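Participant: Residues per chain, in single letters:
Number of protein chains: 2
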Amino acid sequence: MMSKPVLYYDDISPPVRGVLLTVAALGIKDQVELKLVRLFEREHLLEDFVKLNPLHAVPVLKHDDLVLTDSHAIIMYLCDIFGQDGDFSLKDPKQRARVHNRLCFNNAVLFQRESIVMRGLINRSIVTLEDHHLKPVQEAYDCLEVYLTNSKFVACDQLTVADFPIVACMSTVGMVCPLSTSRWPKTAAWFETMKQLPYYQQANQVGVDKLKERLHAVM
Amino acid sequence: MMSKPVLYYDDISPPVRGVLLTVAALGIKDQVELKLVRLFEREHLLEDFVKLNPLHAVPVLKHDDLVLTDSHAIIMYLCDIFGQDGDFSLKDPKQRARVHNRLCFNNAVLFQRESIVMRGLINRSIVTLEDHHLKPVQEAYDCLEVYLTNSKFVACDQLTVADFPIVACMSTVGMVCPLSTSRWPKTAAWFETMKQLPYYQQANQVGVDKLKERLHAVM
Ligand SMILES: N[C@@H](CCC(=O)N[C@@H](CS)C(=O)NCC(=O)O)C(=O)O
Ligand SMILES: N[C@@H](CCC(=O)N[C@@H](CS)C(=O)NCC(=O)O)C(=O)O
Ligand SMILES: O=c1c(-c2ccc(O)cc2)coc2cc(O)c(O)cc12
Ligand SMILES: O=c1c(-c2ccc(O)cc2)coc2cc(O)c(O)cc12
Ligand SMILES: [Ca+2]
Ligand SMILES: [Ca+2]
Ligand SMILES: [Ca+2]
Ligand SMILES: [Ca+2]
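Line by line, the protein sequences give chains A and A'. A prime marks a further copy of an entry chain.
To convert, note that position 177 of the first sequence is 176 in PDB author numbering; the numbers rise steadily by one, no gaps.
To convert, note that position 57 of the second sequence is 56 in PDB author numbering; the numbers rise steadily by one, no gaps.
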């Protein structure tokens, strides 16, 4: 009779996969109900979903009357109510701020730059990738490489929920802007490490593979 | 001998002014030291600042060894350590998530759309504003109008720190995409309310006026 959060989702979306990765890492796959909202079917444009989220985007989390409409806020909230006593705890204010700071980096920099390119490719706004498209992504790689020089994972020396949105993005934009282990060695090593998490395949690779298939169709 | 946070800032920046508004609202203007980093002088490109923040952007907050490089994470952190027992408290997990959700809206939607237009204008990438420029801003207004129909302020019925980044942005992009009280009545009424906060003039209007002058020069 506990209230279960409901995650409105399409796992081709990197923001969605950041949450899926988080749900698995926190061990709460059984406490979060899923509700599929298929982007290529345009189910995010249905009147109910637009009423739920005027941004008409996934993911969305509904928990009782709480409606979160950004993967990054969903991730922090799931940590608060399910991860306070574990390895992903955000109880310490400086630790919470370190993690939040890198969530902001993903939301405002890395995913923004990935989505300009990916949205243009999907809607056929771009047919050929020019340097104007990939240079901002490589600048984001440069920043990530600095972060992963200063700590072992994106926000500190331990894995945190901030690694999950960034790796969801990294594994997506990587198909059009591949990581060079020589130019970004700390980032490549971190990427390889994250792919080895036991839940990486079901929480992130499935969705990447579906998007790769959609991109092969449009290119 | 308490450690004072240091805010690296230029108040022409809406993200900076979201923090300045927060600092005043929390009553901590005396607990946060300021360090000016002038964008038009290119002080954000100096080697020290780039080492501090590879994104070479303001604001930055340094507190002991903690370095936050996004206004939205700075705002949440200042609430945690200075506002836990007051009217802007984020101690409740659902309240924190509501506020964080609208910070994400500002970081990922409203400010992103404001900055594409403002950056293009400043660097002369755009000389005339076309519908491709203002339509995404008006879509963001449509979402904000929904939020302000469901609650009195952006995140709930009380003023929260989420109102401050959004009003910093709103007062900036408003100079190129004016709010229509007939098309967005709840947003206009909220905007007028925020302008009446006693700290609005020094924390936000000064910086807007400087940017208006910079825009008059470039247009
Ligand atoms: N900042 C948001 C971004 C969400 C987002 O952009 N989702 C995309 C898929 S990657 C979407 O649903 N797009 C549909 C649309 O924009 O109409 C988050 O992290 O949740
Ligand atoms: N998401 C960041 C954005 C910061 C940002 O874009 N700041 C701009 C001024 S509005 C800047 O310093 N730009 C300089 C540059 O990009 O080189 C935040 O909210 O702090
Ligand atoms: O934008 C999209 C859509 C999408 C949205 C609406 C629609 O009708 C069909 C596909 C689907 O997957 C994505 C994955 C990304 O990594 C990204 O940056 C953007 C998108
Ligand atoms: O981008 C800028 C710069 C800027 C950055 C670097 C520089 O060398 C000179 C001005 C200054 O003020 C801004 C205000 C905004 O509201 C915005 O969206 C973007 C900017
Ligand atoms: Ca179930
Ligand atoms: Ca309906
Ligand atoms: Ca002082
Ligand atoms: Ca130096």
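Hints may be right or wrong, so weigh each one.
[As the list claims (entries may be wrong)] Straight line, CA to CA, 27 Å or less: simulated DSS-like cross-link-like pairs of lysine-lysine:
hint, chain 1, residue 1, chain 2, residue 2
1, A, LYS134, A', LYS134
2, A', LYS134, A, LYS93
3, A', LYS211, A', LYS194
4, A, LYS151, A', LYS50
5, A', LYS93, A, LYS93
6, A, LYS50, A', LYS3
7, A, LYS34, A', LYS185
8, A, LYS90, A, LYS50
9, A, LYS185, A', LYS61
10, A', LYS211, A', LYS34
11, A, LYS90, A', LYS90
12, A, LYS194, A, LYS34
13, A, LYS90, A', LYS185
14, A, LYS90, A, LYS134
15, A, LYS90, A', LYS134
16, A, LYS185, A, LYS151
17, A', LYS185, A', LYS151
18, A, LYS134, A', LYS50
19, A, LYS93, A', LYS194
20, A, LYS93, A, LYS134
21, A, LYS90, A', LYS3
22, A', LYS50, A, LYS93
23, A, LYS93, A', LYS211
24, A', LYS134, A', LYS3
25, A', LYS93, A, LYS50
26, A, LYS194, A, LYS211
27, A', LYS3, A, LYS93
28, A', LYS28, A, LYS50
29, A', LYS93, A, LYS61
30, A, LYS3, A, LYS28
31, A, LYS209, A, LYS194
32, A', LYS90, A', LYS134
33, A', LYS185, A', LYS93
34, A', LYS28, A', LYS185
35, A, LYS151, A', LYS61
36, A', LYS90, A, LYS28
37, A', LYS93, A, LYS28
38, A, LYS90, A, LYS61
Everything labelled a hint here was simulated from the structure, so no lab data went into it.
Participant: Please go over all the hints and tell whether each is borne out by the structure.
Facilitator: Verification of the hints:
1. A:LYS134 <-> A':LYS134: Holds - the C-alpha atoms of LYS134 of chain A' and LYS134 of chain A are around 26 Å apart, at most 27 Å.
2. A':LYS134 <-> A:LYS93: Violated. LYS134 of chain A' to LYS93 of chain A sits at ~38 Å, over the 27 Å cutoff.
3. A':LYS211 <-> A':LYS194: holds (17 Å)
4. A:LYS151 <-> A':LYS50: holds (18 Å)
5. A':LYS93 <-> A:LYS93: holds (20 Å)
6. A:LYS50 <-> A':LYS3: violated (44 Å)
7. A:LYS34 <-> A':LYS185: Violated - the C-alpha atoms of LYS185 of chain A' and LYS34 of chain A are around 32 Å apart, more than 27 Å.
8. A:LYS90 <-> A:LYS50: Between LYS90 of chain A and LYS50 of chain A the Cα gap is close to 33 Å, so the pair fails against 27 Å, i.e. violated.
9. A:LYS185 <-> A':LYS61: holds (24 Å)
10. A':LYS211 <-> A':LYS34: Answer holds: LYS211 of chain A' to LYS34 of chain A' is near 22 Å, not above 27 Å.
11. A:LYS90 <-> A':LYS90: The hint holds at about 11 Å.
12. A:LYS194 <-> A:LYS34: holds (26 Å)
13. A:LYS90 <-> A':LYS185: violated (36 Å)
14. A:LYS90 <-> A:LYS134: violated (37 Å)
15. A:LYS90 <-> A':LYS134: violated (40 Å)
16. A:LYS185 <-> A:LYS151: holds (9 Å)
17. A':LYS185 <-> A':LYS151: holds (9 Å)
18. A:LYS134 <-> A':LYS50: holds (20 Å)
19. A:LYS93 <-> A':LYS194: Not OK: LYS93 of chain A and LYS194 of chain A' at ~32 Å, beyond 27 Å, violated.
20. A:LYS93 <-> A:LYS134: Given that 27 Å is the threshold and the Cα spacing comes to 32 Å, the pair is violated.
21. A:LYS90 <-> A':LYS3: holds (21 Å)
22. A':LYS50 <-> A:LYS93: Roughly 20 Å separates the two Cα atoms, so the pair holds.
23. A:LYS93 <-> A':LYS211: It is violated: about 36 Å lies between the C-alpha atoms, which goes past 27 Å.
24. A':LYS134 <-> A':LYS3: Distance ~42 Å between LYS134 of chain A' and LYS3 of chain A' Cα, so the pair is violated.
25. A':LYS93 <-> A:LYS50: holds (20 Å)
26. A:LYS194 <-> A:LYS211: At roughly 17 Å apart (the allowed maximum being 27 Å), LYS211 of chain A and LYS194 of chain A satisfy the hint.
27. A':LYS3 <-> A:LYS93: holds (14 Å)
28. A':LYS28 <-> A:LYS50: Judged against 27 Å, a Cα distance of about 40 Å means the pair is violated.
29. A':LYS93 <-> A:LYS61: holds (11 Å)
30. A:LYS3 <-> A:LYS28: Holds, because 11 Å separates the two Cα atoms, which is no more than 27 Å.
31. A:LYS209 <-> A:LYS194: holds (17 Å)
32. A':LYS90 <-> A':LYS134: This hinted pair is violated, its Cα atoms lying about 37 Å apart.
33. A':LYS185 <-> A':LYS93: holds (24 Å)
34. A':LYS28 <-> A':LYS185: violated (31 Å)
35. A:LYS151 <-> A':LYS61: holds (21 Å)
36. A':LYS90 <-> A:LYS28: holds (26 Å)
37. A':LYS93 <-> A:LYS28: holds (20 Å)
38. A:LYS90 <-> A:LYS61: Holds. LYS90 of chain A to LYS61 of chain A sits at ~23 Å (cutoff 27 Å).
Consistency with the previously given hints fails for numbers 2, 6, 7, 8, 13, 14, 15, 19, 20, 23, 24, 28, 32 and 34, ordered from lowest to highest.
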